[PDB]
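**Q** Next come the chains, spelled out residue by residue.
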Amino acid sequence: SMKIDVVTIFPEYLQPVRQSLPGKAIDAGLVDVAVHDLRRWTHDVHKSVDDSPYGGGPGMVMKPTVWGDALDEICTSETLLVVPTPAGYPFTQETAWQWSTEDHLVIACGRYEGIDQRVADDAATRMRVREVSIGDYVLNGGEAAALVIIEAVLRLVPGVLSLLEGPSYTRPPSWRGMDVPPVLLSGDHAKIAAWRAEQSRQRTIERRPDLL
Amino acid sequence: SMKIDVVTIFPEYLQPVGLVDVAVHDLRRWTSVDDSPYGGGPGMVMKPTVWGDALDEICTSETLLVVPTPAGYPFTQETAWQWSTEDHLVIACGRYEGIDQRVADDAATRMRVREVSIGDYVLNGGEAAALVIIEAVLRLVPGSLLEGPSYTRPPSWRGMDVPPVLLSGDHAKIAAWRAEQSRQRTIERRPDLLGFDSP
Ligand SMILES: Nc1cc(-c2ccc3ccn(Cc4ccccc4)c3c2)n[nH]1
Ligand SMILES: Nc1cc(-c2ccc3ccn(Cc4ccccc4)c3c2)n[nH]1
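Protein chains in written order, with our numbering: chain A, 1 to 212; chain B, 1 to 199.
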């Protein structure tokens with residue numbers, strides 16, 4: 001049973017998430033994903049969510065007063081507050097496993113140059129906060145990261161949704177001049193397992209030497 | 001100018017997307033897309049036949065074929081820069097337990113192919129990875145260390161003050177403080193970026 005609240009100035013970005021959820025899991029109360037427009041918590045007629053960076057520099061910074069009100073409303077002391085950021089700790093499968101048993105995730109999606117640091121710092125005085133990066137590339141905001149996190153976590157929640165894996169094959173046995181490796185059709189399952197293990201080792205050496 | 005084609009059995013997932021055109025194609029237009037794995041194992045594999053026909057129609061020899069997969073080479077910022085000057089990206093999104101390896105092998109006889117991972121976690125398919133790749137690449141289209149903390153008004157909030165140096169207007173002191181913050185953050189969160197052991 002997990003509640004996920006996502007806060008964003010682009011609520012439509014998260015439409016695929018609510019789409020990918022099977023009715024049975026929602027009906028069984030296993031998962032609830034809610035998306036909130038950050039501008040609900042703006043103070044002014046111009047619905048401002050950003051402002052110039054102290055110390056100067058390019059880009060804009062999201063306002064702490066707006067974010068503070070939104071998180072005040074949405075979070076509780078039991079919330080795990082997830083803040084995507086290119087400067088975050090790495091989000092890995094181990095993280096996804098850990099978060100998969102949480103009762104309440106709140107994902108705060110930044111835009112522009114990010115969120116005033118006091119927002120996370122204030123939140124961390126009364127709840128668990130996790131600033132996380134999903135990889136070593138730069139996005140325009142947290143929304144695509146939220147999609148990735150939500151998918152990786154929820155597929156580990158029952159019934160809701162190391163070396164590298166080697167190549168996989170299915171029918172037909174021959175296609176465009178390329179045969180499925182004969183060992184796979186051999187019925188020697190010890191040999192198949194060893195062949196797969198060796199494929200995995202080779203692929204890891206070639207693609208991800210860092211894992212070795 | 002860049003053209004991106006995305007191929008998927010879930011075209012609706014790609015909807016979160018003049019110098020660039022992006023098109024989404026339903027793989028099923030070229031047909032059941034999956035079958036049991038040769039050699040055994042859980043799950044299903046996407047059949048090469050349907051993929052071959054789709055890519056035949058969509059790709060040229062100039063195409064960079066991008067295939068998200070947990071077993072891929074890492075997609076990094078360097079990759080994003082490299083791909084930002086390409087004329088034509090085609091992103092083949094798999095589902096189930098992935099795509100028959102022969103699809104990428106066949107394609108590689110005609111075009112450049114890149115199997116890539118966007119990070120060390122497992123998705124249910126290639127669609128979310130396509131969204132990530134598209135965003136990271138397109139923000140670089142013509143037309144290190146971790147980022148430190150940023151602040152904006154008010155200078156005091158809930159009794160939390162903006163670091164006084166940022167209000168001082170001294171560029172050199174500000175540049176120095178931000179460098180220190182970034183180095184401190186990199187050591188703590190990403191020690192690997194500075195050549196140290198991971199936690
Ligand atoms: N792994 C990962 C995470 C992000 C991410 C997350 C949230 C935000 C909010 C704004 N931006 C844009 C930005 C560009 C440069 C410097 C700071 C912020 C974000 C990027 N990118 N890559
Ligand atoms: N970095 C990254 C990439 C992917 C990814 C990409 C395409 C597919 C197609 C099916 N799956 C699910 C799958 C689970 C296990 C083994 C193989 C495939 C995919 C995952 N996840 N994480």
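Simulated from the structure, these hints should not be mistaken for lab results.
One or more hints might be untrue.
Claimed, not checked - Some chain B residues near chain A, calculated using beta-carbon distances under 8 Å:
{"hint": "1", "residue": "153"}
{"hint": "2", "residue": "160"}
{"hint": "3", "residue": "164"}
What the hints assert, rightly or not - Covered by chain A, according to a simulated footprint, are these stretches of chain B (three or more residues, beta-carbon under 8 Å):
{"hint": "4", "segment": "44 to 50"}
{"hint": "5", "segment": "81 to 94"}
{"hint": "6", "segment": "127 to 136"}
To be verified - Beyond 10 Å from chain A on every Cβ pair, some chain B residues (computed):
{"hint": "7", "residue": "25"}
{"hint": "8", "residue": "35"}
{"hint": "9", "residue": "121"}
{"hint": "10", "residue": "174"}
Backbone N, C-alpha and C fix where the C-beta goes; we use that ideal spot for every residue, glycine too.
**Q** All hints are to be evaluated individually against the structure, with a verdict given for each.
**A** A quick look at each hint next to the structure:
no., hint, verdict
1, 153, "5 Å, holds"
2, 160, "5 Å, holds"
3, 164, "10 Å, violated"
4, 44 to 50, "holds (count 6)"
5, 81 to 94, "violated (count 0)"
6, 127 to 136, "holds (count 7)"
7, 25, "17 Å, holds"
8, 35, "4 Å, violated"
9, 121, "4 Å, violated"
10, 174, "5 Å, violated"
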